[PDB]
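Participant: If you want the building blocks of each chain, they are given just below.
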Amino acid sequence: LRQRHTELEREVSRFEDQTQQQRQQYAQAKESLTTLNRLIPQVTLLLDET
Amino acid sequence: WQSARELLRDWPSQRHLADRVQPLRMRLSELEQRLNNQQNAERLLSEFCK
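Here the protein sequences come in this chain order: A and B. Plus 840 on top of the position in the first sequence (first one is 1) and you've got the deposited numbering. Plus 494 on top of the position in the second sequence (first one is 1) and you've got the deposited numbering.
Everything labelled a hint here was simulated from the structure, so no lab data went into it. Ideal Cβ placement from N, Cα and C applies to all residues, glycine included. Heads up, some of the hints might be wrong.
Anything over 12 Å on all C-beta distances counts as not near chain B; from chain A, calculated [what the hints assert, rightly or not]: (1) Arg-850; (2) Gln-858; (3) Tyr-866.
Label pairs and their computed distance ranges (CB to CB) [stated by the list, open to error]: (4) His-845(A) - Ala-535(B): 54 to 60 Å; (5) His-510(B) - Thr-874(A): 46 to 52 Å; (6) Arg-509(B) - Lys-870(A): 54 to 60 Å; (7) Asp-857(A) - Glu-524(B): 51 to 57 Å.
Extracted from the complex, chain B is given alone in its bound form:
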């Protein structure tokens, strides 16, 4: 009884949160460019300082 209640507790949450996957895809892709460009500019500045 208790376990099943916990399962059906999660189930609403499960679908609701899984809906967000695709937004998260674009989010992660977009932040990747932050990573990449930060690294690139780090190059550039180090090369200049040299």
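The following block holds chain A by itself, in its conformation from the complex:
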């Protein structure tokens, strides 16, 4: 059972990491999306670089 524990811990470590990175990327995805939400809707059109 202790060997089982060590191996399950390996797997859980892998998942904990994968989550730790993944969430960074996808939080950044929604963040960049918020940047777009700020920019485009009208601002890109009045700040149309006239």
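Based on the hints, put chain B in the right spot on chain A.
Facilitator: Same frame as chain A, now just chain B:
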């Protein structure tokens, strides 16, 4: 005499103000987008509330 004086009163003003036409064209065009986008966003918000 008086009428003619009024005409030559206006004439300086006439050219001076008529000079502004083209600025006014761009102005009206630009404000049109305000109208259009306000109406569009009004749509969007009403659709959401529904």
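Participant: With reference to the structure, classify each hint as holding or not holding.
Facilitator: A quick look at each hint next to the structure:
no. : hint                                : verdict
1   : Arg-850                             : holds, 47 Å
2   : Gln-858                             : holds, 36 Å
3   : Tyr-866                             : holds, 25 Å
4   : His-845(A) - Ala-535(B): 54 to 60 Å : holds, 57 Å
5   : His-510(B) - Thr-874(A): 46 to 52 Å : holds, 49 Å
6   : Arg-509(B) - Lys-870(A): 54 to 60 Å : holds, 57 Å
7   : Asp-857(A) - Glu-524(B): 51 to 57 Å : holds, 52 Å
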